[PDB]
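Protein chains: 2
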Amino acid sequence: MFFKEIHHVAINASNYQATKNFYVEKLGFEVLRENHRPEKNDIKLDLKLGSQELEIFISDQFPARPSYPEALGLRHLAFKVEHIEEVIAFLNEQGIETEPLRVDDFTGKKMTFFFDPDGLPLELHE
Amino acid sequence: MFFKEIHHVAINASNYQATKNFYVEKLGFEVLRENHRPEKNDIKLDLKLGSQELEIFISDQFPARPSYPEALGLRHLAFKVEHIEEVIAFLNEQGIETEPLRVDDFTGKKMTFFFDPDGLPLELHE
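Sequence order for the protein chains is H and F. Residues in the first sequence are numbered from 1 upward in steps of one, following this note's numbering. Residues in the second sequence are numbered from 1001 upward in steps of one, following this note's numbering.
Next up, chain H with everything else stripped away, as it sits in the complex:
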């Protein structure tokens, strides 16, 4: 059982104000810590919602997330929701677009995607 528990997921983002507007203001993560790493040269923003932790490294040095084809490594992060329509409505009201609703090919449960300011796919799944 060494690998049963996630400490955090880390994300690379391009712009500080975009990151606060999206993750903190809209998604409702709270700031745990914020520190500027002069050497690196970035901002490290740790965010908490519930027992979940999200670590965001912010820098204009990162090129675009590969697509068509996507690259090896982490692809997307999915959130479990109780009733997907209300979450979609909430996001749309905040100016966050969502893909049309569909069902999972192998499970039959509702799902869709929205995207962070740098185009990171974020899934909603019932």
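None of these hints come from the bench; they were simulated from the model. Check each hint, because a few of them may be wrong.
Said to hold, decoys possible - A partial selection of chain F residues facing chain H, derived with a Cβ cut-off under 10 Å:
(1) 1006
(2) 1014
(3) 1033
(4) 1056
(5) 1062
(6) 1081
(7) 1082
(8) 1090
To be verified - Footprint (simulated), chain F over chain H, 3 or more residues, beta carbon under 8 Å:
(9) 58-65
(10) 110-124
Stated by the list, open to error - Over 12 Å on every C-beta distance to chain H, these chain F residues come out as not near it, computed from the model:
(11) 1017
(12) 1020
(13) 1021
(14) 1095
(15) 1097
(16) 1099
(17) 1100
(18) 1101
(19) 1102
(20) 1103
Using N, Cα and C, we set each Cβ at its ideal position, and we do this for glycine too.
Dock chain F against chain H, hints included.
Relative to the frame of chain H, chain F by itself:
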């Protein structure tokens, strides 16, 4: 509280046997589902450990994970451990190399990284 709970994290991997050897056999994830998507053309492997779910898309179409610099998007996945030395020993015994142990710059807790077969950074953090 819409975004408080992770349904899963998705990973792109290059090789099927490498993926089973690493995630299932060594890390101890169990197979939840496995399906071949002819259209796509990949294998979708869903894995479960505890309440955690990991979705792995396996295909030789994905190019290398960007580094130097890393790209925008998901960067790494971190596991919470109780006593890091034993987890490191376990990994090393399974032929999985770990970076030298250090402490987190802002928290003082022990951490290190190991890497999946395609070079995805995976963190251990106390």
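Structure-inconsistent hints, enumerated in ascending order: none
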